[PDB]
Amino acid sequence: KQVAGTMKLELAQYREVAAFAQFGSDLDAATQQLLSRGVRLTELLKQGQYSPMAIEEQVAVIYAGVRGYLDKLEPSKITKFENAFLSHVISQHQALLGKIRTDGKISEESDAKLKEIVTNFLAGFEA
Amino acid sequence: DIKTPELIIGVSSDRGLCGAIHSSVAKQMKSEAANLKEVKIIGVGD
Amino acid sequence: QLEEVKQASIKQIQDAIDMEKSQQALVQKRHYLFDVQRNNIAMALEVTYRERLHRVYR
Amino acid sequence: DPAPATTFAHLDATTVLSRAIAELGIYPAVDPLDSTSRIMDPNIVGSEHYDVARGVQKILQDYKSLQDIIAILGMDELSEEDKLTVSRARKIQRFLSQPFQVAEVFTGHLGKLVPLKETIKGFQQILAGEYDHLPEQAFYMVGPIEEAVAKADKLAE
Amino acid sequence: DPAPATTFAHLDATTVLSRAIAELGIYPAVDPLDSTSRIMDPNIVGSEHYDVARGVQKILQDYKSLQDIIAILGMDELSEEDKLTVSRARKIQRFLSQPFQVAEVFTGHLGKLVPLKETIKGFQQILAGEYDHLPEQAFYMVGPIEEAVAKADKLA
Amino acid sequence: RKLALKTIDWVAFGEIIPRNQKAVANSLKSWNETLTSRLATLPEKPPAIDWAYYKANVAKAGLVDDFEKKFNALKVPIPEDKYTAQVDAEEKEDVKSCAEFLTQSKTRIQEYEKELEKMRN
Amino acid sequence: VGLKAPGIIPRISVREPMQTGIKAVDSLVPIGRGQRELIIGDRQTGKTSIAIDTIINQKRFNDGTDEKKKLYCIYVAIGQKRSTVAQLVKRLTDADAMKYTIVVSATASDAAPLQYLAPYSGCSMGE
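Chains as they are written, first to last, in the deposited numbering: chain X, 384 to 510; chain L, 56 to 61, 67 to 96, 101 to 110; chain F, 59 to 116; chain E, 319 to 475; chain P, 319 to 474; chain A, 3 to 123; chain S, 129 to 255.
With the rest of the complex left out, here is chain X:
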């Protein structure tokens, strides 16, 4: 619920911004972001054929985009990242995963745990 509410909403505009002031071609950054982000979110939900998953992970990765953290990157790398990020968290932030799963929720702390983690992961993705 924590990411999704917002996301749903965001996607709603995102999808929407395909229709008002677009049937297919135009520009402005504010909104471009929304698109970018959106595109990302698309990937982020884009879950190829064959994919059983656990929700916190899902949230985990989702969180990254929602909380705007990869917007930057191209879709192509998302997936890759996502994967990568996954073994990383899986391994490391297994702790964290433990928690999030536990809390049924992400605590603010766990969030923070994400924040650095993700940022860093991204960074690690480089850095």
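Hints listed in this document are in silico derivations from the structure and should not be mistaken for laboratory results. No residue lacks a Cβ here, since even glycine has one placed at the ideal position from N, Cα and C. Possibly wrong hints are sitting among the right ones.
Some chain S residues close to chain P (C-beta under 7 Å, calculated; not the full set) [what the hints assert, rightly or not]:
(1) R171
(2) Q172
(3) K209
In silico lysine-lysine, DSSO-like type, Cα no more than 27 Å apart, as pairs [said to hold, decoys possible]:
(4) X:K429 <-> S:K175
(5) A:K31 <-> F:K79
(6) X:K391 <-> S:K197
(7) X:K488 <-> X:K498
(8) X:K460 <-> P:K401
(9) A:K47 <-> S:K132
(10) S:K197 <-> X:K482
(11) X:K384 <-> S:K196
(12) A:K108 <-> F:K69
(13) F:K69 <-> A:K116
(14) X:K482 <-> S:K196
(15) P:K401 <-> L:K87
(16) P:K401 <-> L:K90
(17) X:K391 <-> E:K469
(18) A:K47 <-> A:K4
(19) X:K384 <-> E:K472
Pairwise CB distance ranges (calculated) [said to hold, decoys possible]:
(20) S:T193 <-> A:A42: 20 to 26 Å
(21) S:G207 <-> L:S83: 51 to 57 Å
(22) P:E398 <-> L:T59: 29 to 35 Å
(23) S:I230 <-> A:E46: 29 to 35 Å
(24) E:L431 <-> P:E399: 46 to 52 Å
(25) P:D369 <-> E:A446: 55 to 61 Å
(26) S:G207 <-> E:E422: 42 to 48 Å
(27) P:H328 <-> X:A401: 34 to 40 Å
Given chain X, put chains L, F, E, P, A and S in place with the hints provided.
Just chains L, F, E, P, A and S, lined up with the frame of chain X:
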């Protein structure tokens, strides 16, 4: 006649829903643009 | 007068910063690099022996 | 569909909820320019109501006409007076939207309700084109108009 | 039609020859957004195929979306990347056009048969836009991409 | 197998003043990640076989036994080290870094800060 | 099979989630348990896949020891040729999520009532 070893600007309409006016200029400004020093472009119309 | 004061001030701390940033990095990151790869090396092989003990028994 | 078609006969007040509008996300998701009571009156609902509705209904209908330009010919773009109406309609739309009062569970929007005059008035103000300095989304999903005004403020951040 | 509708269930590979396409002259006349194969999978037949295809399927799919707006508008005031891609999609289309060895009488054209690799290659290339500085019809009734190349020369 | 471990360090990557490897580290880490994920994936172990019961349900029960002994007694050798100079051709190139670049770098620094002091004066 | 549906009273509505591992699903049309929801779509879009991956996904839950998420899976195959089905079974098998799974299969074959009946059957079995 005038010359320089050196305002590339194009003129377009604000709006489309007309010919390849845009396309042309768009094209042909860029078509130039490599060649020259003080590369800077100005666009009238959008 | 005041110009020269600042000119050496810039150049001097500039070479202080850049050299000290070079020094600190090199140790750790190179220490880094050696252990990272070893890591990678070793890992692979763990798997490779193992997997097989599966594969085979299967 | 013959059935509803029949049904209609019996009905004296019809609420036709518009799934398209619903798809436009709203909740008020209704069809409005179809959701009638033949029993709207300049007498009985008084003319104020009546007219307001009729004007409104009209503008929406008009607005609809404008749709025809816009889908392929512009969407923060063409002629402007019509823009004025467009926006106005749009506000009206948003203002027409009102929070759901139990699907706050879902929405988090506390439902609202506006007794009639403040409403009529409400639209009249909008009609009066007051809030034009003011812009759209402030109007969305509200009960009375103040709440929209308030919402504007929150939005100015 | 229910009959085919049912049939699909039993299919595993569906061949839709597509009259529209046929009208585009093409023999091959298939439409693979229709002609699909359960066994067409990133699985069964490689993802390369799939993906190269997905881009294609996509591009086409998009294109398919476009032709109609374009039908009115042409692609004229509609983004060039699209123009490119469209054309590419089409080229790819054209590149799929393939002579019939059997029906050389019918075609005139002399059959082509293309092993997989050159197939992959083909799309990958066209996809690379590498090819694209080229004529659409170059891609027509080709064999391997070379033949398109050959043809390009022969054109221009 | 079984193999131990060092975390990413992006600072490291860029610097390699053995120029002939500058690119390699960026690529080489990513090769690593291939192993990293791959190892995290699999377990170490299958199960084993209750040959007694399987002999009950194989009428040619001799086989179960024969393959049993050979397999269970057998141990195949861990994919074997060929390289261990990594540590070394580093830690020596880390001295290459330190002493060689440490000293020169620190001695330069001193002259800078020495003129500044008097330039603050 | 012909046992009719219970009353109001023997129910308690949902308040559990139901998870599929499918990000989108779980998020955007978030589902609970005891529910009913249409998978609507055309052919082998991994038509089935959708179910499958979900089921596989439930594996971890079935690897949980819950009964809140430990979910016994029931697959009604209507009209689905054995081959398809075979693959399918196989898929589950491979996933061996099958262990917590009934697969009720009225393939393509089956005299019509048979396919007809199957759901009801599944239904009783599920009740």
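| query | Are X:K384 and S:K196 close enough, with their CA atoms no more than 27 Å apart? | reply | 19 Å, holds
| Proposed proximity, S:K196 with X:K482 (alpha carbon, max 27 Å) | The hint holds at about 19 Å.
| message | Would the hint linking X:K460 and P:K401 be met if the CA-CA limit is 27 Å? | response | 26 Å, holds
| Supplied distance hint 46 to 52 Å, evaluated on CB atoms of E:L431 and P:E399 | 50 Å, holds
| query | Hey, P:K401 versus L:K90, does the alpha-carbon distance stay inside 27 Å? | reply | 18 Å, holds
| request: For the range 42 to 48 Å, tell me whether the beta carbons of S:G207 and E:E422 fit it or not. | output: With Cβ atoms ~43 Å apart, the hint holds.
| said: Does X:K498 sit within 27 Å of X:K488, going by the straight-line distance between their CA atoms? | reply: 15 Å, holds
| task | Below or equal to 27 Å on CA atoms is what counts here, so check A:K47 against A:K4. | result | Satisfied, since the Cα-Cα distance of roughly 12 Å is no more than 27 Å.
| task | Please work out if F:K69 and A:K116 have their alpha carbons no farther apart than 27 Å. | result | It holds: about 12 Å lies between the C-alpha atoms, which stays within 27 Å.
| message | Just to be careful, I want the Cα atoms of P:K401 and L:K87 compared with a cutoff of 27 Å; is the pair within it? | response | 14 Å, holds
| said: Holds or violated: X:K391 and S:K197, Cα atoms, limit 27 Å. | reply: Given pair X:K391, S:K197 holds - Cα atoms ~25 Å apart, limit 27 Å.
| Given S:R171 as an interface hint, is the shortest Cβ-Cβ distance to chain P below 7 Å? | 6 Å, holds
Hint violations for this structure: number 9 only, all remaining hints satisfied.
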